[PDB]
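For reference, the chain that follows is the form deposited without its partner chain, supplied as structure tokens.
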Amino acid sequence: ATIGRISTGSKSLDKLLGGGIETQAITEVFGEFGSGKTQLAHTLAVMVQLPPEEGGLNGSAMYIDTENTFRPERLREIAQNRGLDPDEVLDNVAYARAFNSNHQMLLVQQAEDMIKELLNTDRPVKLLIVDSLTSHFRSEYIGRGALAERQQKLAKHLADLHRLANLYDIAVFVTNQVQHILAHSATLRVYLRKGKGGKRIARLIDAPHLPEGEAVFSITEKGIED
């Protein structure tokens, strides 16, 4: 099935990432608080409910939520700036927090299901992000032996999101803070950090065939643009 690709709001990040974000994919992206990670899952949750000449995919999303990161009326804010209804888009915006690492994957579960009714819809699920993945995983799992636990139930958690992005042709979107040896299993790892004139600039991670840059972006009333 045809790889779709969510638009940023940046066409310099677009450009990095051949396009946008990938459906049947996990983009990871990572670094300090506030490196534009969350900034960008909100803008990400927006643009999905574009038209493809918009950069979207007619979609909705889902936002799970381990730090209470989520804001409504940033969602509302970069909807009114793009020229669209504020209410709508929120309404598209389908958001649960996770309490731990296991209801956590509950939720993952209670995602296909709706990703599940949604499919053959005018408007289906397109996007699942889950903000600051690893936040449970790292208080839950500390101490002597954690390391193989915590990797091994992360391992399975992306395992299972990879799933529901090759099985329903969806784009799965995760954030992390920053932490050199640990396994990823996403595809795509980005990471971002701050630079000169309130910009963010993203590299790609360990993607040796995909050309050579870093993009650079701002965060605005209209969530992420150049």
Second form
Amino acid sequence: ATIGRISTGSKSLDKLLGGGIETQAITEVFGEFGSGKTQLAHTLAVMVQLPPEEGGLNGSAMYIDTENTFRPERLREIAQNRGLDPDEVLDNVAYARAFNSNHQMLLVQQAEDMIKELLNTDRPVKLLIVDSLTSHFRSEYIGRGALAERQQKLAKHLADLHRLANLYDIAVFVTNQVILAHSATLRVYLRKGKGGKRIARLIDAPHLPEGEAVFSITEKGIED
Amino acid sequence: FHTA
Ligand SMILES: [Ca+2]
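Write the structure block of the form deposited with its partner chain bound for the protein whose form deposited without its partner chain appears above.
Following is the full complex, with the preceding chain placed first.
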């Protein structure tokens, strides 16, 4: 099946990504708090709902929160400033708080139930967000010789996510706070730049263009 | 999950 692309709201960031966030892939964004990774997650949750000539996939979003990062008022603000109805937009974002890493895994199995239910409807799930994908794993699998088991548990969690991306043609978008192995399809580093901008760089991505994107955090979420 |  064809790869779908979700616009980030920034033409600059979309160009760096080769056209937007891809379905059938895990895109991992990482950086410090306020680097834009969570603002990007909130923006994609709105953008995915738009038709394709507006950069979306006529879809709905699922948001797994591990650190209380989800702000329904921010989705509302982004929707209203893009000409959309905030109540309808929020209704197309299914949210869950993950209490620990094991609950996070169970939430991914429940996500599959909703994705299956909506697959052949007019508004299928097209984006699954996991914000701070590693926070619970790093908090729980810690101490002497914990690296091996944390990496095995994370490898399995990422394999379940890759399966949902590829099997149901959805984009999986995950975030992380800053020599370890990583299994995301695409890794993007975000940082705060000069003049209130955010700068994005692709990590280990020769398959895509050399360069960096510059974008802003605005009342529309993410834009140039 | 629950609707936002
Ligand atoms: Ca952020």
